[PDB]
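Number of protein chains: 2
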Amino acid sequence: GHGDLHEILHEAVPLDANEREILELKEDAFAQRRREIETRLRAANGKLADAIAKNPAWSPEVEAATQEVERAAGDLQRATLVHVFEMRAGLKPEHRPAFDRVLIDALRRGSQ
Amino acid sequence: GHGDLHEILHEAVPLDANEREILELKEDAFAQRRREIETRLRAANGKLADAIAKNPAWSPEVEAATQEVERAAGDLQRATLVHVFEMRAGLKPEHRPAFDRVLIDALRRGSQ
Ligand SMILES: [Cl-]
Ligand SMILES: [Cl-]
Ligand SMILES: [Cl-]
Ligand SMILES: [Cl-]
Ligand SMILES: [Co+2]
Ligand SMILES: [Co+2]
Ligand SMILES: [K+]
Ligand SMILES: [K+]
Numbered sequence: 037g038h039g040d041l042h043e044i045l046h047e048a049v050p051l052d053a054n055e056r057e058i059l060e061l062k063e064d065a066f067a068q069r070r071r072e073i074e075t076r077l078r079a080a081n082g083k084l085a086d087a088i089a090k091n092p093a094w095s096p097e098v099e100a101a102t103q104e105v106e107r108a109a110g111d112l113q114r115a116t117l118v119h120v121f122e123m124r125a126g127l128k129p130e131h132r133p134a135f136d137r138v139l140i141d142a143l144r145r146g147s148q
Numbered sequence: 037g038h039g040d041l042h043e044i045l046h047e048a049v050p051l052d053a054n055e056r057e058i059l060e061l062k063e064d065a066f067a068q069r070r071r072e073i074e075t076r077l078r079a080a081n082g083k084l085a086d087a088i089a090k091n092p093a094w095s096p097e098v099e100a101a102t103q104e105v106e107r108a109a110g111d112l113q114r115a116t117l118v119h120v121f122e123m124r125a126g127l128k129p130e131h132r133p134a135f136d137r138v139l140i141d142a143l144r145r146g147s148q
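Protein sequence lines correspond, in order, to chains A and A'. A prime marks a further copy of an entry chain.
Numbering-wise, PDB author numbering puts 96 at position 60 of the first sequence, and it's gapless, one number per residue.
Numbering-wise, PDB author numbering puts 87 at position 51 of the second sequence, and it's gapless, one number per residue.
Isolated chain A (complex conformation):
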C-alpha cells in the first residue's frame, strides 16, 4: 500500500496533553524536514519527466533522474521512521504498546 504512516499514528493514537508539549519541538523539526525532502522529490519527478520529454528512452538523463527520485524517496522513508521512533521516546511508557500495535500493523500494509 501507500499509507501515510506519520498521519496514521497521530490520528489513531494521538499524543496526550503533556506528550504533545514535550514533542512539539521535534514535531516541528520533522514537519520542516518532510517538506524539504518532498520539495526534492517533486523536483526529481520533474527532471525525470523533462528527460523523457526530450528523449523517451533510457538515457543518462533518465538514469540520473531515476536515482534522484529513489534517493529522495528513501530519505523520506528513513526520516519518517526516525521521527516515529522520536515520538515513541516522548510517550509515557504505558502508551507505547498501543502505539506499537498501530505502527506494526501499518508497516505490514506498506505505510511509510
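Keep in mind that the hints are not guaranteed to be accurate.
Identical copies look the same in the list; a pair holds intra-copy or inter-copy alike.
Here are the simulated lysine to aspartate or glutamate pairs, EDC-like style, with alpha carbons at most 20 Å apart [stated by the list, open to error]:
1) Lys62 with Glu72
2) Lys83 with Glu55
3) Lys90 with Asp40
4) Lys90 with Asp136
5) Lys83 with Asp141
6) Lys83 with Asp40
7) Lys90 with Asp141
8) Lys90 with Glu122
9) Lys83 with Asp136
10) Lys90 with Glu130
11) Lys90 with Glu74
12) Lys62 with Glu47
No lab work stands behind these hints: they were computed from the structure.
We have chain A already, so just place chain A' with the ligands on it with the hints.
For chain A' with the ligands alone, coordinates are given in the frame of chain A:
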C-alpha cells in the same frame, strides 16, 4: 503522487488491435515480473513490521528490512519504466506523441 503509471497509459492511450497483438508477449512477461517484485515488496514490508514488533528501534534488522523495501521499490520503478519504453517501441510511430503526452504529464505528478 502515487499514480499507477502503467495502468494510466493502458487506460488513457490504449493499444490498437494490431499493437495489442504485437505487444501481448511483452505485456505478459511484464505482468509476471511486476507480480514477482510486488511479492518481494510485501515480504520486505513484513520483515520491517516484524523487526519493529520485536524491538522498536533502529537496529540491524530495521536497517536490512528498510534496504530490502527500497531495493524492491526501485526494481519495480525501473522495470515499469523499461516496459513503458517496450510499449512505445511496439506502437505505430504516429501513436507515440499522444503516448508521450500522457507519460510526461503522469511522470511530473509522481506516477510510477
Ligand atoms: Cl497527535
Ligand atoms: Cl498502550
Ligand atoms: Cl491497452
Ligand atoms: Cl499521437
Ligand atoms: Co510526529
Ligand atoms: Co504495458
Ligand atoms: K517505513
Ligand atoms: K517512473
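Comparing the hints with the structure gives:
1. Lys62 with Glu72: within (15 Å within a copy, 39 Å between copies)
2. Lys83 with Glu55: Neither, since 41 Å and 29 Å both go past 20 Å.
3. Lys90 with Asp40: neither (33 Å within a copy, 22 Å between copies)
4. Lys90 with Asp136: For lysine 90 and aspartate 136, only the inter-copy Cα distance (10 Å) is at most 20 Å; the intra-copy one is 47 Å.
5. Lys83 with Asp141: So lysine 83 and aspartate 141 pass the 20 Å test across copies only (12 Å; inside, 35 Å).
6. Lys83 with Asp40: Result: close only across copies, 19 Å inter versus 25 Å intra.
7. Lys90 with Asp141: between (43 Å within a copy, 13 Å between copies)
8. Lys90 with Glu122: This pair counts as between: shortest inter-copy Cα distance 17 Å, intra-copy 43 Å.
9. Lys83 with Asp136: between (38 Å within a copy, 15 Å between copies)
10. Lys90 with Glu130: between (56 Å within a copy, 17 Å between copies)
11. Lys90 with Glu74: Answer is neither: 24 Å inside a copy and 30 Å across each miss the 20 Å cutoff.
12. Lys62 with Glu47: within (17 Å within a copy, 43 Å between copies)
Hints 2, 3, 11, counting from the list given before, are not met by this structure.
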